[PDB]
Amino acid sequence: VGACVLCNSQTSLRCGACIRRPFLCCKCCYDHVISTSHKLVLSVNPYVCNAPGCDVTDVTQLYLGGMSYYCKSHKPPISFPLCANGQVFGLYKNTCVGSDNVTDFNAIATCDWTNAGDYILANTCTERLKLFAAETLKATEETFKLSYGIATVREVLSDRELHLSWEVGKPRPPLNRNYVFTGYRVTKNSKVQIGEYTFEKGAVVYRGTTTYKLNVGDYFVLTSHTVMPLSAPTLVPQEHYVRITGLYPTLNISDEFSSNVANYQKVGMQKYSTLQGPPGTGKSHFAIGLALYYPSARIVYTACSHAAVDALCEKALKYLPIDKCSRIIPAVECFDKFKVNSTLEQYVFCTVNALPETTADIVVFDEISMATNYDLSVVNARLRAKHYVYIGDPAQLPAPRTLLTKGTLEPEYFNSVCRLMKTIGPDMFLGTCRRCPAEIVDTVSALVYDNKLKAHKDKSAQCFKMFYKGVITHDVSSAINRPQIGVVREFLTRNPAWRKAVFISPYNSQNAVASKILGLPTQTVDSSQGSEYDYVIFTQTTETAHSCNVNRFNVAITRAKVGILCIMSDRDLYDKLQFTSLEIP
């Protein structure tokens, strides 16, 4: 028994075929079953033929006879079919409304999540259907990680490097840091965890959580976690106020935060507010400062990643009483300078999925482009606040959608919050970049921020761009462009100063070749989001939808404090770089 995800109508019927078993009222259960392949129907029992060794599970071919379900064949003299009168049989038959359309629910219940148009629906549908989609997608995502075969240690060539043997008759996952494994050791009658790991082509390169002397027989699987059903919406209902509510502003603020005094007051005058922070516009400065502006205010700082939550803690550690902070951790090595798991503490820094049920004066959700609607509904479920602030930049990278292959995902579709910022604008905007030379700012200002991003720094005169297609080899699930790494080898010799630079590319295999040949440190664009370096050497590697995505391109070039070389495959972005052009040697 539960609530029809379409009507809210009370009902005893869940679709069995749906991987998430939504409650469907007699009306909506029927409209669903007769318009799709989904025909299994669960109640206080499962609508299946109780007859001995009959296989009938379709509800359009079944009948209640006595108190037991039968198909045409086995039914007793006296029965009625489970499925007629535009309705499927179960409790609460007289309270049951229906819906004009069920089209969106069928699409969501049935889509394989490989087309972008799927995720577009999950983010424009009714809010109840945004929750059902969020679950159905996340459960599809965790199911797909099972389709992958087991990796097993066949030899230990060295430390940091291994020989893996793979389970037969199953696909092998990509070996980049978007695929985190879990290890296992072969015990008398079962198996025990031995840390989380990632792998990269060599033999394979493994970067484990802990260290060990892991030996042959030890194996690896992408550990999947049960997706709990969702209840809270992705956003609370918005309220706009005429005075600051529930918060007491400080009378003396420092000049370090004086620029955010207006925006912090806005936060006090609406239920939730959205802050776009472009690269190095000072989001965490904003987040921590809000505390000092509302000194008595209880604030729970959250993001999806440990990394994100830890950076909030690192800034907190500068400005806020340590004795007033606490980091929440469930039973990976994060920040460890705050008393651990003290929920009643004034400032609580915690990932989404480890949040405790609790209230708070303000909730700050950071790095909001990386959040799914699923995370969005967890935060609303776990934290009842007077005020919610969503901080991020819908021009930076979303969560990877492992299943997605047909179409690109536009920022207005990353989650409900980024939909808002792209369709009615963001409530607040950090509009001065402190990090990058002006050439890089001028470029992303135009590219993705409507000429509203302003450069604190001057031109560096150290931002260069080369058009060089080079040669694109492909391996198992990445790209390589050695001639582009070639160009950069040649550049470093004439420009030795740039031997301090980080190497950034949209591919881990490009990154691996580049480390061997240049011995620069490497980040993929995805792994660089959040970090800053003085000098950056970016090889686009390909002209793919991946390598040309304007959000990835935006994060790639905004890592530089001083100077950047961009070796470019794409004429389009090449032509949009406000950088000094260089000929090819």
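Here the rigid core means the biggest group of C-alpha atoms that line up within 1.5 Å when the two forms are laid on top of each other. Numbering follows the first chain given and starts at 1. What changes on going to the form deposited in another entry:
- After superposition on the rigid core, displacement of the C-alpha of residue 39 between the two forms amounts to 2 Å or more.
- In the core-superposed comparison between the two forms, the C-alpha atom of residue 459 has shifted by less than 2 angstroms.
- Between the two rigid parts, the smaller one rotates 12° against the larger between the two forms, as C-alpha superposition shows.
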Contents of the next structure:
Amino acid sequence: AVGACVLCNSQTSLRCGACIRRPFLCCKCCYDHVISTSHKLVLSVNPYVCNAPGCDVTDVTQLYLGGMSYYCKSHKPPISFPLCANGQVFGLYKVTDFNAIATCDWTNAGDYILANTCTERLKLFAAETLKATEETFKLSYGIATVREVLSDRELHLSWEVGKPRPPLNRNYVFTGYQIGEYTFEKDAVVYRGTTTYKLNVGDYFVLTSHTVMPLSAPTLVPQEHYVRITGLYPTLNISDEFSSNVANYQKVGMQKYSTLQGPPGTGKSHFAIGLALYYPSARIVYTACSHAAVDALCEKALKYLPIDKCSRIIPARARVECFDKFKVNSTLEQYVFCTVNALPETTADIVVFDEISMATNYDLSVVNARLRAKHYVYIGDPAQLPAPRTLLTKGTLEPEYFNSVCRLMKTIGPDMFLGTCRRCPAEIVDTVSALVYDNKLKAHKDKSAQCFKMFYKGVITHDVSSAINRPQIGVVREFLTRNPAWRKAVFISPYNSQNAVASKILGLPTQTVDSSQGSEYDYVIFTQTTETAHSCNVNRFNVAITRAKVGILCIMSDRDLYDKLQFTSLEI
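Having seen the form deposited in one PDB entry, could you give me the form deposited in another entry?
Single chain only below; no partners, no other molecules.
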């Protein structure tokens, strides 16, 4: 019970008992917390509770020090000092933002705004408090017990009465019972086991509530600027393929950390793999939150870097399928590709963290605690999608509040910016450039003349709260008959339920906007489905239309985003 104050570092025995993380608070700060919040239980070697037998006084403001013990107003001896006096709580070794982080329920956007504008130690307190609140919230939903098994990919469930029913999308991963993780999609439901098993009737599923570990390392280490490239040895013979990034690779070697903003198809993976060809002796650990993002870095590495010095780190509890062409779990190979939660304790000359909009401050801190590096590179785009905030229901989280790195890219600007989109037809580049990049994103491709927009509100139906628009899928069906080249298109929408209906009526491969991020397809068919804050989000809109290499068909619901689309309008 001897720790350091989360607000001023002053050595103390005091920890708040009403805080779910029980942070160490100094005498001066513990006071300004207990007197300003409903938090009155103070902890030390022993709790600050009335020592008198059968007495339930636990409020620190209703307690005193009677010699060496603690008592309330009704049990204190004559020679007793109040615990709360002169702006201090009695302790050994003798706040507005801390109070709000300590007592908030994390359902409001202003909670996440504060969690990112506060001091660095408050960002860590905010990050483990939030994560602990998110885990304890999982204990609230109901158990799904199997009622009947139809086939290898379909079943019927019986839900627990009196406890809510969680959203049945791939975002929510149940743990079967210990018969492996299982995912679900829409009374005939579709079941997806990570481990192949002949689903037993009566066997039950539950949401795994992993333990939240305390955070030690900052989200961002303190910045260092150098006068020359430090600990890295560049090549003079660097292929013309990577010549565009030489000046940026040098910036990478002359700073402790650097930020790269890369709009869709501007060459982020190329920059990341090319950083290894520029510092060919450097050991580089490549990391991201998702397995898909780590796999996208493995694909680009497999093309330019020696396959023998590569290794894809897979956690022992292997959940879903990932990259199979590197030696698995060889921690000491020069190039290590691994997700943030699976990172071993190691050092590196460079750490590359990709898809930075998807990271939380918890992930930012974890990377700094597991990896000790000469240089850190954060690659991503704050105009793309962030990590889902399951508790957040009121308000919209702006990009400068996604994490510390995103806050930096939006306020002081990114250190590096890839300005030429090589993927998209100019119609798409011109739309997103004006929408989210302040007209700074340039088109390498010409206009494809295969980008269409239709304004069709249709009819909105709902599977629980996930939306469907059958008339918008009907409009797509009529379009496909007159445009058979579009037979090879990927159907994208902001809702899983819309995607489930489109898969059966159109037969096209389906993808949510959130699961499409990082991927590219020749043709994309997007139905907006609704006019909600979710389907109108400019980051989601940006990701949705920047997936296409050749053409896109956008069936819009919102007049605003329809009018901004620089596409050929269609009739019906």
